[PDB]
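Shown next as structure tokens: one chain only, the form deposited without its partner chain.
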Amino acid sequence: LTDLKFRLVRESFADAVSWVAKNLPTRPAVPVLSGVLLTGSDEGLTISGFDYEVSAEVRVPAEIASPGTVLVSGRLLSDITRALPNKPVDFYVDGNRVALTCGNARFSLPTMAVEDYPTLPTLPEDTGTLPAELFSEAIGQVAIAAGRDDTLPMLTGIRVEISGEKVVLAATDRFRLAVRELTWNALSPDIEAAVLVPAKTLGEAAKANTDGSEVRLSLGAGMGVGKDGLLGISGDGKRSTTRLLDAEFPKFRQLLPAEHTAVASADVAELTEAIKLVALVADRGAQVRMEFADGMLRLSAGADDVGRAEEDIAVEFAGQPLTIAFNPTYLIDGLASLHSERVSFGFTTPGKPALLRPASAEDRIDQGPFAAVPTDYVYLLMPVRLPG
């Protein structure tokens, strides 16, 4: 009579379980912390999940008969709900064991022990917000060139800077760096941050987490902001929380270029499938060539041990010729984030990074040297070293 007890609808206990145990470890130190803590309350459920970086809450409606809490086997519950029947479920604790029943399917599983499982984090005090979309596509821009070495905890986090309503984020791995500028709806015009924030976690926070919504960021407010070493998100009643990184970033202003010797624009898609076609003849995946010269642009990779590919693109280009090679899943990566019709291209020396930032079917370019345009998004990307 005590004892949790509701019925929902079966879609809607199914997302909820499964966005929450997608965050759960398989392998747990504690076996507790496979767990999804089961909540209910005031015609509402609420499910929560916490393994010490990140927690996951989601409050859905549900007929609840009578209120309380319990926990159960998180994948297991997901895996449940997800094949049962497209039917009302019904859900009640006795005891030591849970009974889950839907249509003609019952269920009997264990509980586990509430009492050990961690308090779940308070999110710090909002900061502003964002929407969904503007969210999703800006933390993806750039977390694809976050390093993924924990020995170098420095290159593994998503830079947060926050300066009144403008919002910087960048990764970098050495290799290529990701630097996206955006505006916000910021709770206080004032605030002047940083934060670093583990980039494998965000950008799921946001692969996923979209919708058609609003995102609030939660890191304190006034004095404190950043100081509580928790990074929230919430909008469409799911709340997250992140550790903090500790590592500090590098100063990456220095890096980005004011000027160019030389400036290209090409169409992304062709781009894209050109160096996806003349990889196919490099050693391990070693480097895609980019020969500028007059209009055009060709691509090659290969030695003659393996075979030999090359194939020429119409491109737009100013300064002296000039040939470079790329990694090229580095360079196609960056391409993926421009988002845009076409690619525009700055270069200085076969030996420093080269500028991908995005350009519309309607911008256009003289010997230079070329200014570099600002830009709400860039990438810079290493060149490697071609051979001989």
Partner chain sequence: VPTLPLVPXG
The other form holds:
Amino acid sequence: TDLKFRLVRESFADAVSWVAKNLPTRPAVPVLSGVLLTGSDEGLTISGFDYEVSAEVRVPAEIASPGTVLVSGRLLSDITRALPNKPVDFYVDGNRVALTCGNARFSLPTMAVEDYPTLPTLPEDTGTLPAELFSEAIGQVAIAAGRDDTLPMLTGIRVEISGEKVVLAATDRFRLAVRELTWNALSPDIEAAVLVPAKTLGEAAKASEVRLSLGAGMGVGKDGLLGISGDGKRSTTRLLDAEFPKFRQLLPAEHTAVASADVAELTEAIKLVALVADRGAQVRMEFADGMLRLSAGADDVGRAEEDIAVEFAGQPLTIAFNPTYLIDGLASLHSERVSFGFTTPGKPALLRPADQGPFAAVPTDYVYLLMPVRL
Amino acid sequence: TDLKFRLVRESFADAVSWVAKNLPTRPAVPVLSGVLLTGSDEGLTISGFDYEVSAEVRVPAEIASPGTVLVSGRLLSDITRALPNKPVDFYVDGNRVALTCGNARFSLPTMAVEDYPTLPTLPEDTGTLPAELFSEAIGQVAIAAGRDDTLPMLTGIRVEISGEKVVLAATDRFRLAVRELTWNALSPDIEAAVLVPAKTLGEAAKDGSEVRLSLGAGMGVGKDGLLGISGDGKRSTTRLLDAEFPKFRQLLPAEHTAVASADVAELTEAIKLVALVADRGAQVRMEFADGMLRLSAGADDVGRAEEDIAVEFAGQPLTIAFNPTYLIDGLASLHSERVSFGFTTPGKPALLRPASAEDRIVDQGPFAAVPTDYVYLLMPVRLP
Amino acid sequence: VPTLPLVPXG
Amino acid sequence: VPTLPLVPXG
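Based on the form deposited without its partner chain presented above, generate the structure block for the form deposited with its partner chain bound.
Zooming out: every chain and molecule, the one shown earlier first.
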């Protein structure tokens, strides 16, 4: 039987474009540029899959005749975004799709559905959490992941689950981001840790309640997949089999100095002084006497300094950073102020949202640990 | 004397950034990355040289000590745009500049003022017109200029002046854009034509009162090899192109076998839609007849597309094909709600001209060309 | 892809 | 540009 359906343009366009956004820019084989449309009494399903990430959305539609068809995905996305804002009729007549909408008509070739991989089945549901928290937490941690697929152990977000408590962690060897949260667990005996490709997870986050599917009980992570579901949408990503670094060793228990600053004021000041930094390599932070002297540059191109008021206590120090990595950490706090914990100018700096020492580390739900650069 | 001044940040930043926009991003020698700052008699002049465009701006300033200095323009532009909103103090101490603003302090190296090339003198004033009109007219024709230095005769905008009448024209051999306007000439006997590099003049068309163009006076218009542009305490010179503009006036058709009009937004949206299946975005096909336009594209291998829109149409029906990018460029340059098409055959240029929604099309032809201040003449492509 | 009938030029 | 004292890792 040949698929024939009708549905509202905007509904059609939103569903196709969400599936098509994930399609490979460099398709390993041509058939992976397609999206699959499947019509049943249970509605219209639009899906895509490239052997690593799958995406699937069900939308209400008037199905005049059930069936399945594969067509060029980004082409279908661009068409549905540009059609007149009228109901869209879509009829497959064998090897050819007739698409009509208002005063417009398209005739599109079909692709070889028999060659398209089958979408993986989701593991059992593991837990749920609000979309807002999912998006915030992943955004805070993904910023620290490695971006080099030749070092897969760094390209993941580690996800540790213990009952109702989740810990997310990512590192690229220069910063480490760790976020703790509470979620709604759906299974009891969950004591597991998986590693999820960060880019994929980050994109799933930037798109109502979210359900994570990794399996149940002792089976969590055993199927090598994470399913993410919500709002008639459902995606899967293959887990990484790489081993995550021992990040808890890095978290300092005590600080020789602690400081707090206004996040926006500090961010703007780093952007200003780094204008004279060679290749934006480093900005220097001189802490003492309730004052932060932020500086950069050299005599060849120019020197800059801005002094901003801070709370400071402990051993004064000058410590230098990659200004992009520092802005990245500040932007991830989502708080008005930042609290710093330091040991020495050669050792990691702890950033978290906000007599003379040493200062015990303060419990928090988010840390961004940033290695300095050498002066 | 060492230059020392203070002024408000926004004024400094706008002035410096306006001069620095024309500096090379990869200057051959450091002096070419510089802008010259000269302070005297309650004013600060900021000057920038480049081999094609030079520019100069004067803004008020509290001058504590007069002088001149040369510093990196792009860097200074970036700094002043990001400084706190406090008065900016600037003093030269030997071979270094100390720039202080609120809680921020910069120390910049200077360069040898005597090594900065001399900015060209503006030619005698030629005429004036509103800044808005000038930027719009340039923007309209600049889209049609070639962008290939190996065909330099295509990379300009032609400026014809005949008394109060100015004509701007550009072509890349596939479209020709011609815009006529009136201005206020400042001397009699101006009858001349020059060629200005399009990329320059086009980008420069982006607010003011009246713009003054300086290409000389009377019979001397064009002799200095420069186009001066002035207004709002800013002056610039642009070096003219030595190439020769093609003989475009014989392209303009006096009579059409068919005329049509369409809504510009509807037609633009329809072209973008059907062109989605056009191979290399190479062509869309327009079949005109019976108050309808059938717009189509594509082929069996990738998909076919059609959209039919209402048009006003008279004369001999025809099917004619265009590069959809060039077609949209022309529609976007009309700056009107509707477009009027003039056709002869599917293989000869199509004339596009602005039409208002209060215009309307009629007999069955033939149709004399309608006088218009703007024309975009587009060569069709061959039908498959 | 013909050019405008510019003489010379095409 | 030293790395975090990750062992192994650096």
